[PDB]
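Single chain ahead, written as structure tokens, the form deposited without this ligand.
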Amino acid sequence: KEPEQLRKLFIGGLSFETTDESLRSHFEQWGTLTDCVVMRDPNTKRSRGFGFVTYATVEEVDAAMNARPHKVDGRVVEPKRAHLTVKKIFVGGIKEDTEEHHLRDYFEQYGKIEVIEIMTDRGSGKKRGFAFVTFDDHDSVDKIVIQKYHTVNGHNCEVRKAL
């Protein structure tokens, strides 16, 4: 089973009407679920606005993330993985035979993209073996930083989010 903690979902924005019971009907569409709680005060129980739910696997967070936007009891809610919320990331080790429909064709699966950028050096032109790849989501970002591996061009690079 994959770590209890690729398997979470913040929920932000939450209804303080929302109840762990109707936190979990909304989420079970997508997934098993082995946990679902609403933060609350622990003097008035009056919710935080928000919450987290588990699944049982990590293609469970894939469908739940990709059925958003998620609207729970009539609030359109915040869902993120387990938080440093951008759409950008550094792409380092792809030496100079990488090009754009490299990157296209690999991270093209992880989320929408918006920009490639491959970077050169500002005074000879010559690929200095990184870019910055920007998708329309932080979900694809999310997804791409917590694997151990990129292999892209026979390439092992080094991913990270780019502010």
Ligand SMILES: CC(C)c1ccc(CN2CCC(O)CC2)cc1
Given for the second form:
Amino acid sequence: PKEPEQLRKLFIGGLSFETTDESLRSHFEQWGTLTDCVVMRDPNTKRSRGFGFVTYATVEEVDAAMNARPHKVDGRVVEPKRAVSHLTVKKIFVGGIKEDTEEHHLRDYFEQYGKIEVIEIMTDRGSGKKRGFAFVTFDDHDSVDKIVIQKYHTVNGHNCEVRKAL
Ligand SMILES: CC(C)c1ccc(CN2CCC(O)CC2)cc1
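We have the form deposited without this ligand; now please give the form solved in complex with this ligand.
Let us now look at the entire complex, which starts with that chain.
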């Protein structure tokens, strides 16, 4: 069974207006099989709108392409992003971690999604007791995008609610 097509797409902004279906494809085929590759254009002038998308055969290929950023395509650094259910943020809210979850639990789990810069385990302003949620800040938005499309996150035995923050 193939992963849903929506999860295999990269939406690419910042294209050179000279980039074509063919040159976008030749670039991004370096990181996987492309089942689709389109540059968006004006319907009357055919002038590029400056963005397009590609569709890989697997999610691992999307990962490979995203790990190969920055992408310079036809002389211009472009901006690829995956689809989320774009709100481009580097921080997540992690809820449901109760009082026994520590920083290393969150680090050990989330470090495989991306490079962590901040872990903030939330505590009560009056008592100092843990409140049962945390925020994790990464150095880049793709980590967050990968995280929030998962159906499940289990951290320290807890089923966690994870969403984009601010
Ligand atoms: C499916 C197709 C319509 C599509 C839509 C949107 C993008 C990316 N989007 C994000 C940044 C904006 O400034 C414009 C580009 C790429 C492709």
